Each structure stands twice: as structure tokens, then as C-alpha cells.
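Chemist: This is what each chain is made of:
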Amino acid sequence: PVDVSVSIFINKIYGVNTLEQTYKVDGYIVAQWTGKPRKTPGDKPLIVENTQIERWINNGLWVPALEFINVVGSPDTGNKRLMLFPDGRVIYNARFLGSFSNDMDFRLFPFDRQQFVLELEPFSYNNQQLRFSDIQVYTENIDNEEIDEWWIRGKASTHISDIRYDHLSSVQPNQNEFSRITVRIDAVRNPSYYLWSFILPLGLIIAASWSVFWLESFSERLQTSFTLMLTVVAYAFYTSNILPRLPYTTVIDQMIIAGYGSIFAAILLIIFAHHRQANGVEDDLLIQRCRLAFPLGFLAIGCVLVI
Amino acid sequence: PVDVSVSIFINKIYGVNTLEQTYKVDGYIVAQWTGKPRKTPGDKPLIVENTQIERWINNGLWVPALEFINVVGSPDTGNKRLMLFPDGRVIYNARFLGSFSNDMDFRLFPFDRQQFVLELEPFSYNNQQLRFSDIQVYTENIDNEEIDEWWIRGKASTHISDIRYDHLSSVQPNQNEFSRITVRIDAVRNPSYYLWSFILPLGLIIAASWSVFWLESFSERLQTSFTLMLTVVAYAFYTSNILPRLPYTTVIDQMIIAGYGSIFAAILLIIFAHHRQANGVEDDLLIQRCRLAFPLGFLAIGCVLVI
Amino acid sequence: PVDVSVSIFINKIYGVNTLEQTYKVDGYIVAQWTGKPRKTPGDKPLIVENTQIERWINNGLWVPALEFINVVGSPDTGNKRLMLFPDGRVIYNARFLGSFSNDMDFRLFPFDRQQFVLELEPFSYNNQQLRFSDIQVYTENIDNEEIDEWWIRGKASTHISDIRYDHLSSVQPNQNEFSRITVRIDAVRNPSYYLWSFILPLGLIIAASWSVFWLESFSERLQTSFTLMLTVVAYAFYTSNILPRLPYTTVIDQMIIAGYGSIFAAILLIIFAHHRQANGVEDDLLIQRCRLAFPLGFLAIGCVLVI
Amino acid sequence: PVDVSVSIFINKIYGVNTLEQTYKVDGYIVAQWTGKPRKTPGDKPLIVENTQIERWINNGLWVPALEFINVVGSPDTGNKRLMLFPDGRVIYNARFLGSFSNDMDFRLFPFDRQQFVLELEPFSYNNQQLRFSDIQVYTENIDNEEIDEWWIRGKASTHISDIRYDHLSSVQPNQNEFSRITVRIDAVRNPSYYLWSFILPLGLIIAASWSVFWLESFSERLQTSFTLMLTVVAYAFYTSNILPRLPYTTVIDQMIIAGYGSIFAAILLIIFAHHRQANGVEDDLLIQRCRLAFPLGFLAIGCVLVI
Amino acid sequence: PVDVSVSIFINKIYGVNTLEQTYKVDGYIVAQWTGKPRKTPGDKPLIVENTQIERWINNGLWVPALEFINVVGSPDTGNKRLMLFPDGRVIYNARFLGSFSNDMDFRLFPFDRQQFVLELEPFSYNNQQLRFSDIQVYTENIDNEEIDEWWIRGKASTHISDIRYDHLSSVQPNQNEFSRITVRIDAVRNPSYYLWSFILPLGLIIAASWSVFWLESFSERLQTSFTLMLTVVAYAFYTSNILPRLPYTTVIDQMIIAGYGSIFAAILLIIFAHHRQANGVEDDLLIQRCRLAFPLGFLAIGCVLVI
Amino acid sequence: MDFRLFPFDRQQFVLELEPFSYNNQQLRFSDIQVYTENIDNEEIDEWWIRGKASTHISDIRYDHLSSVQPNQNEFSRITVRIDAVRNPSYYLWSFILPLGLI
Ligand SMILES: CN(C)CCCN1c2ccccc2Sc2ccc(Cl)cc21
Ligand SMILES: CN(C)CCCN1c2ccccc2Sc2ccc(Cl)cc21
Ligand SMILES: CN(C)CCCN1c2ccccc2Sc2ccc(Cl)cc21
Ligand SMILES: CN(C)CCCN1c2ccccc2Sc2ccc(Cl)cc21
Ligand SMILES: CN(C)CCCN1c2ccccc2Sc2ccc(Cl)cc21
Ligand SMILES: CN(C)CCCN1c2ccccc2Sc2ccc(Cl)cc21
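Chains as they are written, first to last, in the numbering used here: chain A, 376 to 682; chain B, 376 to 682; chain C, 376 to 682; chain D, 376 to 682; chain E, 376 to 682; chain F, 2 to 103.
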């Protein structure tokens, strides 16, 4: 029941696809397993590069297909080599680049925590078993990820479990448990760019929105309101175009509704101030001095969005 | 007249293409059919992985090409294995990723009901017949589909019918019936994001549009109208850019016309109020108090949009 | 001089590319031609699927390369079969998906008439001749094409002509005429979406533009003009982004200039009204009552845009 | 030292890529060269289609790899045939589609002159020499290209020169000159669409910008300026999105700065008028009558942009 | 321990991908290494083109797989030839096009300095050693890079170092040092386009923003502020859409915050001016004459952004 | 230096640095800082530099008496090379031309 050692060198993780819940991983994979001894030229181990490998299989060299369970579509394989040893053992080494899938919650958008994962498992073998898994990452955190998009937190999580597959296990009674290496790296999004260039401007806009109450007239207030309205619609548009498209509301996306809100509540106040009067036309004395009472009310409701 | 058992494990449905009426499906397919017994090494069944399979065909192993009738372009095949059994039976197992086509009505829009479908049928065989179909989906609904885009309603819809193809059935008299497995999954779009972030803002915009009648002057009313106009055009653009492009009007798209409408109706009243007079310049007394009569008229016309 | 029968099943025409003058067509092609009789296993005709076909060619089976004259780049071929008959005749059957080219005039944009076309012709044969062509389309019109983008008018246009190719016909004296099947389907664009959601809003905008003459002041008129100016630029942008990019002016694109026009003519009038006077400042009495004379002049010029 | 005749049929030139300086060309290529006579079936020349060609090379048929020096990435080869003649001569014929590169100056912009080019040269042969080159285009100019994007001026430029490659010419002393066919067709951009739909609207906007001086007040003038400012920013955005992205300023791009300029110059004037006075607040009498002096100054500076 | 000479002809570097930190490089690679002498037809060296090469390996011709360490996905190989010499030496010559990865700091932005890099290294050989590396670039700078996006500063830079790979070096004791050629070209971004068309317009906008202090009223000042606000949001959108997307703030991106800043500070002053008074309503005399004190304060803070 | 195209030269000025007695002491990275400008003042100056920065840092074999120390005789050599063009003004304006007239 073959023991297989596996090593995964991860070279680059890039191009998240928020909508498809998808990321790209470039790296090498290495499998090692000891077979029946053989005679090699010299006694040096033998090297078999690319095209030559498939020919060695036509002569009964077994090389197991190891599938990336969580890759979306067959990956781009660059180079592959076999290392056939005189004492039997065999090393398969190949570089890969593949788009891998995992569940990704982006609802806390500019402040994400994500988990990029590789799942390896033999394509047709249940008593060929993954001996031990080793993942070699060569980076550093917190560091260059001001230039880079993501903050890795954890280093190395491995598993190597057994998968059941209870469906048509009568196709082969008593044996349908496959050996699955699971590799998972934890990462955090770099919330600098999105605050310094999206969160902050929106707040200033929402703040300056409240300055509508320091307009003297009423016509001034209500008319100006509509310009604020436009300002948000403009800023929502700017937001939507550049930010990653999703099927839920992000934190930024919530703040954008808060804008739409404060402004439309202003209009109501601005108008109800006018027509809650003692005569026909007296703006209600205290009410349009919600000048430093809208900011408080907004900030109070902006402390329950957090919890 | 060969019996073929089929099983389809569905791994992920993603990337709808509203314009092309198209979706992507990643999963495995398994075919089982009993052939002339053979000697396998040992008596254990024989495994034939990838490249090796095509070689077994060159020696007279028959393996039927099973076509995805409704796939748009030949799909990406990842790994394939044969399981040759000593008692004859044979298992073809392969992972696929393909862009599939089906009719899709998106007119409702953010409140969709769609039907993702697979159609399998042998490419050149009419008395080789699909024994039974089993589809294995491993998800859950109503559930994680706040993080996910779609709400599946049904689980398992199957078909296994006979297709006629009456065109040049004299090419082979009396026999042109192909066995077609049809698999169809029902799903609902998640109408959260689009309400919370598109429907609602537009309503507020349309609502605040009506507040034009609470402007005192006429110049104030008529001038402000044009800013409301701009506000809709802005919001139509924002809408159009982010939402899926289609060749018909969505619900949102109608609401956008309702905006364009109310605002232009306002303009007419606002102006007709001014010149429907007893003197040269008297704004008509009751009319510019359609303040809480436009909201009713719009809302009345917005309850016949539903039925 | 070989006779070849051809039939073309058209499964889907999708993804027009206005700039490249290009459309996508998914379907099957079948060629039939009678060769030297042969012995098949049993007496049942022999089936040769995919990879196996190329092997049968290495043994001297002639299978002509049929080229799609007007396909842009070699198409995606999915499955192919040979049907070798004991009495000689041979059937080639294969599914294709390809991006095809044809001349396409889009100057009447939302109200198009187009002609989607396939041109088939053998790649190296002049006395192998296309016997008869049959095209099998299974749709219906006027019908589901509210859900679908296009309205097919004609059904079946076929040709099968002979192409001259007079360049280096001394490479082979007296014989350079190739047999070219021409298939062409006529279709009309569904002008609903573009009217109900683009043409109409623009008209309301242009209409409301004229309401500028019902402003009392001159400062009111001239200033408001600049907001109208903004509105068109906004609406031009919205138009351009969503509509298909082209190298000529569409109908919509002209109407957008008509907007740009009426508004800039207003400014001139609005200003010329102010200074075409008897005293220093008298707005010319009749002129700023081109209130219901710009609409007529615009509508008069909008009845010569048609013829 | 083999003589090779070449003919290039150009079927379609489409999809310019302004940033990459890149275009697509679909067409056929034909190479002819006389070899050692051979026995053909019959005495009719022998036809060898596609896959079969590579098999004939395995038996010592020499077929020179002809490289497209200026193609970006190996091109899409559609169909290929050999024509083996009994008298020796051999004809290679294949259809190609490839993305070709050339230096492209887009600074003029909507009034471009460009030169689309093919450069052919053998990949490993210096005394195999391109006998004569022939290019077959079947179009017409001026004519259609109101429907088409480009105006071809010249017809046929050919070269067939010798390339030096002085780098490691000691790898093979005395012989490193390769025979290079050069084909180049000259074309002009169709400056209708961009004038009628971009150039023109911008001028009207810039013109209407100047009408700011016919506002009576000063507050009217200065405030309106900012709407003009917004108006340009709006139109700059519209321009940028639709027009081809570049790393230099186009003519349109300059015109857009001219807008930004006149409007900001207006602001300066409008304000300097107010505070260049004999009292505290007297708008300078002649200066705010730069009404028909800004138009002249702009048009004067717009006649030195040309030379 | 094989000596390998390498030459790299670089034809074109294009299509930077700011987000993925990625660039495209098309060129040829040449490897030369002297093997056991052989008999060639004639005594002329033998040429082996494309497909024929792979056949020569099946007969024991060793051709080392040389990997591009920093290429993202296996590159597009166009044509390849072997030049087998009678005296043993062998030349591998092939054209490639590949997307290569390198670290790229885009924070400066329109005034970038970048370093485009190739890393070549044998895929399975440590005592096969890269003798010497030669890179052939044929351009000129400062020069056409007004038409071209980038200004190359340096010419060459080579390395040829030894890489350790200390992970599972017990797989082969005492020998795991691979020979890596490193090529790096230095380049500068051409900051003309981004200054002349982005930096400048923004400044004029920000400058004209300050002209808000020369408005007479207070209602005029505060209301106009909101139009300036809109103007920046507009310009941010325009900026964001066209400029390369990044995960950090560019220089332009900072300037956009400076706009958002000055305008919101204006609002505060404009409002604080009104209610820092001796009576109920006296605008503070000196303060609203920060007319030529905001420009200075902004320019003072804009000289600490540099250092 | 090839001077056969004299008044119209292209030359390559080069530095080669390498440790005098060390093979596993290795030149980590090389950086060369030139502070000039071209085409420019080189009407006053004799030469026109074209390229800026060429570096190498290779390993030199020295296969002669490598048994003096078996298995280790590869020295780390920085190579720096600058490309330059001769200023063909003076020699044309004052030599080429007069001779043609003659
Ligand atoms: C600043 N350094 C974190 C840069 C590394 C960025 N990189 C990455 C990118 C996007 C999402 C997640 C990751 S994690 C990761 C794990 C291994 C390796 Cl080799 C690279 C990465
Ligand atoms: C929403 N949760 C049910 C998650 C499922 C998302 N996913 C999906 C996406 C778009 C449209 C339809 C579906 S159904 C489906 C069926 C099987 C699998 Cl494996 C994935 C999916
Ligand atoms: C609207 N119903 C006619 C549905 C068909 C639409 N479809 C189509 C799409 C884009 C452009 C032209 C066409 S025509 C056509 C011809 C044959 C077939 Cl099989 C499909 C199509
Ligand atoms: C009607 N005529 C304008 C046709 C020319 C259009 N087409 C083209 C497109 C973009 C850039 C350059 C060209 S030139 C050209 C040369 C040969 C052929 Cl076959 C087509 C073209
Ligand atoms: C003015 N000419 C130097 C243009 C250089 C543009 N091009 C380039 C593009 C993007 C990043 C780096 C470079 S460098 C380079 C090196 C060789 C060649 Cl062939 C082209 C380039
Ligand atoms: C116009 N500038 C090129 C003047 C430089 C002349 N100078 C020089 C002289 C003879 C041959 C080559 C050079 S290059 C060079 C590189 C660096 C420095 Cl610091 C001086 C020089």
C-alpha cells in the first residue's frame, strides 16, 4: 500500500477573483515513492524530462495521476521530470500554475481575512497513501505587503486525511478511502489603499453633507441637498467601477448607503423644519440646529454597525 | 444494445454570462458498461490513466464518445481513467470544466429564477442506451448563498429520453433514436445586494425628486428639476455599468425609466402650473400642491407594474 | 470528379462583435461521399470516432479538408466521427464552434438588418465537388426573440457556386475552379430594449431642454443651459459605455448630436434674445417665445433625418 | 542555394491594439520551390493535407520553417497542404491568423497615417533565398471604409532584402545573411466618427464656456464657471473611456486641455475683472467685454497648434 | 560538467500588468554546448526544425530543459531548431513569448523606475553549467520613448550565479547547486502623458477650488463648495478608471486626496468664518481673506509630500 | 579597440574586478554610478556615450594547475562595460572636408 511523500513549493499567489471565489497559484509539486530497484546508466540516478516521461509509461512505468481537487480546470503544467533511482525510489517533479477555488467571505471587504488552500489527492488510488506533506513558502510578513496586496498570518497548516466517498462504494466493496493532502495558508487584506483613498473621502463627503444645516435660507438647504445627492451617486459609481464586484454588500458598500441615508433624512428634516410651525412659515427654531446633532446621531448609529 | 450507467458529480457552478446565456460547470463524469471479460494482472481490476487510455483504444478497446449536447465549445478535460474489470465491466471516469448553454429569461431581473442544465448524449450511437442517471450535488439551501450568488430550490431533476433526429434518417433506415440524459438544477438569484444597493437608492432618488414641489418659487422648481434629471442620468449610468448587460429591460431598468418619467412629468406640471392662470402670472393654487399627490400617482402606477 | 453532399445543423448564433464584424456559430457539419467499397466487421457500417480517424488516414483513407472561407481563425472542433459503409460511401460528422466574418453595416443601429453567413469550400480540391447543401435550423420568428436579441426574416438561402481564383492559375493550367457552398441567414435586431431604455430617455431630455424658454429671467435661462449641457454629456457617456463600439455614427449617436445642437442653439437664441433690442436691455418680445417653435423646428429637422 | 517563390493572400486586417502597437491579419501564404523529381500516383501532382504533412517530413521531405519575424506569439495555423509535383517542384500552402507588430505613432490621433507590415524570413536558412514575393489584396479605396475603419492609400510595397545578423557570425564564418520578404500596406484612419461625435461636441462645450462672460453679475459668472469646469471633467471622462488608451497625448487629448485652460483662464479674468477697479467694487468696464476676445485668442492659439 | 553558452535576443517588452506585477517579453533564446562528435550528411552541420527535434531526443539526443524561473505559466514557443555540428557542438535555438514576473513598486507612480528581469536555469541539472550569458537588445534612449511608454536607462546587467536550494538536499547528498543566469534591464516611465493630461488638469481644478474665497456672500461660498466637491469626485472617477489599478496609493492618488482635503477644509473655514463673530452675523474680517493664504498653506504642505 | 572606422568610432570602455586569491569569496552584486548625460556636452567632450550600465559578475575557470587545489578554482569576476561613440565633428569639419576639396 504505497507510501508517497509530497512537497509543494509555492512561488506566487496572485489574481484573486472575488466573484468566482478563485485565486492563482504558481509553484512546483514533488512526489517521491520507492519502487522495484532497476539498473540505471552508470549507477547515477536517471533523469527523464517532459515528453520522454510519457514514453517511459508506455513500458509499464507507473506514475500516479495526482489531482488538484480544488483547481478550476486542468492547470498549466510547465516542465516535468522523473528521477529514477537505482535502489528503486522515484521522484516526480513538475511546475504548475492553476486557478484554485475555495470559499471566500468578502463581506468585511477592505478588512478581509482569507484562507488560500491546495487540496491534492490521487485520482484513482485508495491504498496508495500520502506519506507526509511539506510546503515550502519563502516570504515574510508583516513586511513588503505594503507593495504587496495581502498579509499572511499563519505559515504552514497541513493535514493528510482520508476521504470517504460513500457513493457507489459497492463498485468496490470495503475500500473507497482516498488519501488527501490539504494545504492552507492564511492571509489578511492590506486595508491601507482602500481607507486612505475610499473610506476617508466618503466620510468627508458624508460630513460635509451635514453642513447643509448651516445654510441660512430653506431654498438654499433643500436645493443644496440635491447636489449632495448627486455627489453620492457620483461617488457610488466611482466606488462600484474600481472595487471588486461581489454578490453581497461590502463595508464600503454599507457606508455608501449611509450617505444616501443622511442626505435623504436631511431633506425630510429640512422640509419638516419648514412645515412644523406656529404660523404658516416659521422654520422650527431648535430643529434646524441639529447642526451638531446629525453628526452625533450618525456616529451613534455608526457604532452599532460594528457590533 | 449496450446498457450504460452514468453518474455526474457537480463541483461548482459559476460565472454566468447573461448575454451569451451561458454558465460554467466543473465536475466529474462516470460511465459504466459491461464488456467481454478479459484477463487483468492479478485478478484485481486494471486502471488506465490519461494518455494510456488512447493507446488501449488503438488495440480495439471501444470507448464511446459521450457529447455534451449543450456545451458551448469543447470542454476542458482534466484527468481521465479507465477501470477495466476482469469480469468485463468498464468504468470511464473523467473530470471536466465546460461552458454550457441554456435558455435564460433575465427580465425580472434581481429576482430571477433560472434552470442550469446538462444534456449528455452519445455522439454516434442509437442502440447504445443510457441505463440510469445519478447526479451527486453536495450543497445546502436556503443557506451559505448569502456568501453565494444563487439559491437552489430543487435538487435532482432527471430525464433519459429518446431523441428523434428525423433528418436523413434514411442514412440508416429504422434506427435514429439517440439516448439523451437531461440533468436540470433549479436556482434563484439572491435579491439582497441589488435591493440593498440599487433598488433602494433609486427609490430615494425618485422620492426626493418629488420634493421639488416644496420649493417656494417657480424658477426654483423648474431649475432644480434639471438637477434631478442629471441625478437620474448619473444613476442610470451607475446602474448600467455594474449590472449585467442584456437585450431586454430589467426591473431596475424600468424603475430607471420611472425616474426619467416622474421628473419629466414634474417639469410639465411645474410649467403648466405657472401658465394655467386667471392673471398673467399666478401659479395654480391647488396644483403645485400635488406634493402628496405625485407620490400617490407614482405608487399607484407602481402597483400595476407588478400585475 | 468526386460528388460530396453536405448538411449543416446550426445550434446557436451568438456574440456578435460589432467592431470586428464577427459572430459566433455553434453547430455540426456532415459530409457524405461514396468511395471504393470495403469490408466492415459484420456487414453493419463501421464507426470511427475522433483520434481513431487520423489513424485511418495514415492507411490511405482520403478525407478532404473542408475550409470555412469566412471563419476568423481555425475553429474549435469538438467531436468527429467517420461512418464507413460497406458499399463504399463515407460520412464525416463533426461539431464545430467558430467565429465567422461577414460584411455588416451597423449605421442604422437599433434597427439593424444583418445577414449571418457561412462559406464552406474544400481546401485543396477543384474536381471534388459539393453535390448539394442542406441547412437545418430549428427556431421560430417572430417569437421568443423578445428573450432573444435578433429577428430572423428569411430561412434558407443556399448557393453552391464556383470560385475563379485567377492568380497563378498556370501553377495548374485549365483547372482552378473551387466549389463553394454559401449559406446565409437574414436577421433583424430587436429594437425594443434600445427604444424603451435609450431613445426615449434621450427624447425626454431633449424635450425638457426646450422648457428652458419658459424661465422668466435671462440669467435663469443662460445658466440653466449649462446644466442642460452637462446632462447631455452625462447621457452621451452613459450611451457610449453600454452601446457597441463602432467606427461610424449610429442613429442614437446622431440624436446625441441633435441634443448637443438644440442646446447650443438655445444658448445663442437666449443670448441673442437679450441683445436684439430697442433699449439697452429688452429681451426681444416674440423671440423668447420660440417656446413652441423650437420643438417644431427640431421636429421638422427630425423629419428630414429620415429621408 | 534554393530559390523560393512566395505569395501572400490577405483576407482581413482587423483589431488594432494602440497600446501594444499591434494588429491582426488573416490570410493565406504560399511558398514554391523546385526539388528533386519524384514519382507521384498517376502523373498528377500529389496532395498532402494537414497532419499527413508532418509524416512526410519524418521520411526526409524538407519543408523550411518560414518565420513571421514580426508576429507576436506563434500564430493560429488553420489548414495546410503540400503539392508535390512529379517534376520536383513543391508548393506549401497554409492559412494563418496572427497578431503582428509594428511601430505606430498615434499622436495625431483621429487623423492617423499607419503602415501595416508583414516580414517573412526562413528560420534556419541563409542560402535558401526568397525568389520573388507577391501579395494579393482584393479590396478598394476610398469607397466602403465609411463602413470600414481605415483608408488604404498605397497598394503593394514589397522588398526581399538580406539581413546581416553580425552576432556570433563566427558560429558560422562568412555566411549569416538571411533572405527577408517585407510586405507593407499604408492606411489612414477614417476621421468621420471622431469629428462628428467627439471633436465637434467638445468645441461647442468650449464655445458655450465663453458665454460665461455674458452673465450680468460677477457671482453669476464665477459660479457658472465651476459648472463649466464640471462640464469639461465630465467630457474628459467620456472621451477617455471610449477612445483608445495610449502613452501620449492625442489631438483630442490636447483639445481637452484647451477646455480646462479657457475655463480656468475665465475664472482668473472673471475674478481679476472684479478687483481691478477705481473704487472697491467696480467690474473693470472693458475687460468683462472679452466676450468676443476670448474666442479670438483661443482660435489664434488653435492655429499654432497646427504648425 | 557540461558548459553551456547562452544568448538571449530581446525583441519587445510590452503590456505591463501593474496589479499582477507582470510584463510580456518576446524574443529568441540560444543554447550552445559541445557533445560527442557525430557524422552529419556532407560535413555541413545538420539542422533539425520543430517537430523533428522531439524525434531526435527519442534516439538519445540529450537536450536540457531550460526553465524560465520567473515566467508566469509555460511560455508560447514559436519555432525551434537544433544545429548539430560534426565536431560535436550543438546549438538549440528557439523563439519564445512569455509573461514574466518581478517585484515592481508603482508608488511613485507617473515617475516610475522599474527593472524588467529574466531568470533562466536548467530544470534538472546542477553540473550542467551556464558558461557565459549574452543579451542582445537593439534600441535607443532617451529617444523614441516619447512614442514608447518606457525609458531604458541601463543596457545589460548579467549574473550567472549558483543557487542553493537547501530543502531535501539529502535527496542527493553534496550536490544541489543550480546554475542561474539572471538578466535585468532598468527602465523609467515616460511621465509626459500623465503630467500633461492628469497632473495638470487636477491642479487647475484644485487652484480654481481656492477661488471660492473671492465669492462675495456666504451662501455663495458654502453652496459653490459642494459643486467643487462634485468636481473632485468626478475627477477621481476619471482618474481611477483610466490609470493602472494598484493596491497602494500612487502620487496622482495622493494629489486626489489633497483636493478632497482643501475643499473640506474650505467648508470648515467658510462656516467657521460665519460664526466666529462679534455680533450674531459678521463674517470674520481677516479670515475670509485667506485668499492668498490657502494657496501658500497648500504649497507648503505640498513641499513636505516630496521629502 | 578597433579604430579602422576612425573619425566615426564606436568603443567600449571596460573594468574587470576580481579577487586576487579567493574563489569562495564571491561578488554579491555590482553597482556602477555614472553621472553624465548624452547626446549633450560631448561637443566639448571627445566621446558620445550610448549605453549606461552593463554589468556581469561571472565565474572564471582558470583550468591551468587546478590540481594545485582540486575541485575549486572558479573566481568571481565583476565585469563593467560602458559604450561610447567618437565625436566625428572636428575630424570632418577640419580633416575630411579639406581633403575632399583638395
Ligand atoms: C508580502 N508577502 C506576503 C508577499 C507574498 C504574497 N502572496 C499572496 C498573494 C495573494 C494572496 C495570498 C498570498 S499569500 C502567499 C503565500 C506564499 C507565497 Cl510564496 C506568496 C504569497
Ligand atoms: C448556494 N449554495 C448552494 C452553494 C452552491 C453554489 N453553486 C451555484 C452557483 C450559481 C448557480 C447555481 C449554483 S448551484 C450549485 C450546485 C452544486 C455546487 Cl457544488 C455548487 C453550486
Ligand atoms: C430569435 N430566434 C430566431 C432565436 C435564434 C437566434 N439566433 C441569432 C443570434 C444572433 C444573431 C443572429 C441569429 S439568427 C439564428 C439563426 C439560427 C439559429 Cl439556430 C439561431 C439564431
Ligand atoms: C474597404 N477597405 C477599407 C478595406 C480595407 C480594410 N482593411 C484594414 C483594416 C485595418 C487596418 C488596415 C487595413 S488595410 C487592409 C488591407 C487588405 C485587406 Cl483585404 C483589408 C484591409
Ligand atoms: C525607446 N525604446 C527604448 C523603447 C523601449 C520599450 N520597451 C519596454 C517596455 C516596457 C518596459 C521595458 C521596456 S524596455 C525594452 C527593451 C527592449 C526592447 Cl526591444 C523594447 C523595450
Ligand atoms: C558628455 N559626457 C559623456 C562626457 C563624459 C566623457 N567621459 C569619457 C571620455 C572618454 C571615453 C568615454 C567617456 S564616458 C564617461 C563616463 C563617465 C564620466 Cl564621469 C565621464 C566620461
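There may be inaccurate statements among the hints.
[As the list claims (entries may be wrong)] Pairs of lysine to any residue residues, derived as SDA-like cross-links and limited to a Cα-Cα distance of at most 20 Å, are as follows:
1) A:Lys414 x A:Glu442
2) E:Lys419 x D:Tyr500
3) C:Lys399 x C:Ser382
4) D:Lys387 x C:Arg555
5) E:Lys419 x D:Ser615
6) B:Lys387 x B:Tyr500
[To be verified] If the Cβ cut is set under 8 Å, some of the chain A residues that face chain B in the computed set are:
7) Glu442
8) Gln511
9) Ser545
10) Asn549
11) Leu605
Hints in this document: simulated from the structure, not taken from any laboratory.
A virtual CB, placed ideally from N, CA and C, is assigned to each residue, including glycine.
Chemist: Now, for every hint given, state plainly whether the structure supports it.
Modeler: The hints, checked one at a time:
1. Proximity of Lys414 (chain A) to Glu442 (chain A) is assessed by CA-CA distance (about 30 Å); at most 20 Å being required, the pair is judged violated.
2. For a cut-off of 20 Å, the pair hint linking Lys419 (chain E) to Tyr500 (chain D) stands: about 13 Å separates their Cα positions.
3. For the hint linking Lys399 (chain C) to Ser382 (chain C), the alpha-carbon distance of about 19 Å falls within 20 Å, and the restraint holds.
4. A C-alpha spacing of about 19 Å is found between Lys387 (chain D) and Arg555 (chain C), which places the hinted pair at or below 20 Å, so the restraint holds.
5. About 58 Å separates the Cα atoms of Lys419 (chain E) and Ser615 (chain D), which puts this hinted pair outside 20 Å; it is violated.
6. For the hint pairing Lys387 (chain B) with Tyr500 (chain B), the CA-to-CA distance comes to about 30 Å; that exceeds 20 Å, so the pair is violated.
7. Restraint check, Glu442 (chain A) versus chain B: the minimum CB separation of about 5 Å is within 8 Å; hint holds.
8. The interface hint given for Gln511 (chain A) is violated, since its Cβ lies 25 Å from the closest Cβ of chain B, which is over the 8 Å cut-off.
9. Checking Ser545 (chain A) against chain B: minimum C-beta separation of about 12 Å lies over 8 Å; hint violated.
10. Interface hint at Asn549 (chain A): violated, since its Cβ lies 14 Å from the closest Cβ of chain B, which is beyond the 8 Å cut-off.
11. For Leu605 (chain A), the interface hint holds, since its Cβ comes within 8 Å of a Cβ in chain B; the closest pair sits about 5 Å apart.
In this structure, the hints that do not hold are numbers 1, 5, 6, 8, 9 and 10, in rising order.
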